[PDB]
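Just the one chain here, laid out as structure tokens, in the form deposited in one PDB entry.
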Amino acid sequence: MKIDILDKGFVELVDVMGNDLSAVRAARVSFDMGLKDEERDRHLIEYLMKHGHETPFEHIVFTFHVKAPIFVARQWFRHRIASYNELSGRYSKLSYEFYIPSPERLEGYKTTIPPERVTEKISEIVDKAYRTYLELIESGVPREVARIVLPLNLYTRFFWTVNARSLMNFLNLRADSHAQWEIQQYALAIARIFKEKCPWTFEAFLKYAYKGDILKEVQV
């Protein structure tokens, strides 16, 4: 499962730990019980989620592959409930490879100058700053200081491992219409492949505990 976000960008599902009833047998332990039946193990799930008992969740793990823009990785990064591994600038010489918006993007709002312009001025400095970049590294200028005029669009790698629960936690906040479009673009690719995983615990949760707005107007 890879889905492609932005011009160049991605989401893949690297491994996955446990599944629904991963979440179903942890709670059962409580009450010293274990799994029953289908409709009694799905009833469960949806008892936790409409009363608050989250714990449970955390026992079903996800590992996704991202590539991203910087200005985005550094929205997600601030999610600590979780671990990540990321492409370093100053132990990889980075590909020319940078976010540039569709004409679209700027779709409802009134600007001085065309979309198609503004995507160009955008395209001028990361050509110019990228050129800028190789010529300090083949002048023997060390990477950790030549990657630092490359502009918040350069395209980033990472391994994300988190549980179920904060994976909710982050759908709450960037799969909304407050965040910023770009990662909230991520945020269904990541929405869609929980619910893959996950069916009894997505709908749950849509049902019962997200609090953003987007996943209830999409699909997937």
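Residue numbers count along the first chain shown, from 1. Definition used throughout: the rigid core is the maximal C-alpha set that superposes within 1.5 Å between two forms. Compared with the form deposited in another entry:
With the core held fixed, residue 39 shows a CA shift below 2 Å between the two forms. In this overlay on the rigid core, residue 29 has a C-alpha that sits 2 Å or more away from its partner position between the two forms.
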Given for the second form:
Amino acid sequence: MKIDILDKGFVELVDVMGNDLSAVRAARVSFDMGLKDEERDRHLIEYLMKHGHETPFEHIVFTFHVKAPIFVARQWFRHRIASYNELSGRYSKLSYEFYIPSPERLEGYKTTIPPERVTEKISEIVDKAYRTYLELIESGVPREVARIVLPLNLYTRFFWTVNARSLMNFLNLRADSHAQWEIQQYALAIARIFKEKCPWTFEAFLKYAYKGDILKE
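Next block, the form deposited in another entry, ref. the form deposited in one PDB entry:
No partners, no molecules, just the chain.
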């Protein structure tokens, strides 16, 4: 299932290893691989989360395919405890696809030009930049030099493999009102997928370990 984000972005879960019971089996180092035992297994998940013993959650791993603007992916790729592979503008021609904020993005700010004209000015400069990029590529300038004139709102795409512990750290920092609005919108989508795949771990994280201010209520 692809979740759409911003005007042209998305997050899609591509693969997953493990579930809530992976963490309990790892915590106990279990020989037995039987079915769910809600009461016992949820209490252990909560105990782990309540005490900060979160290494067992490293045994649940996700791989996502994300399409986001470069300024969002720069913040995302600061999360070092993860694996990333991104589309390179050294080797491929980059598509004309840019994030243009909605006039609502400026809610709460008083400006001396209308919000619709801000939107138009952004659209205008990114069209001029893309025209220069394509003029340089079609004149024989190597892609890795021509691409440096493109703006930070160009969309890129990457695959991200991350375990549930590092993904909880990502939600603490990016599903939170101090994070920039655009990456919050991605962190809300990732949280919805994590909740679907690992409901006990997700509920325990919100009750005991989640440090942000958006996911609770």
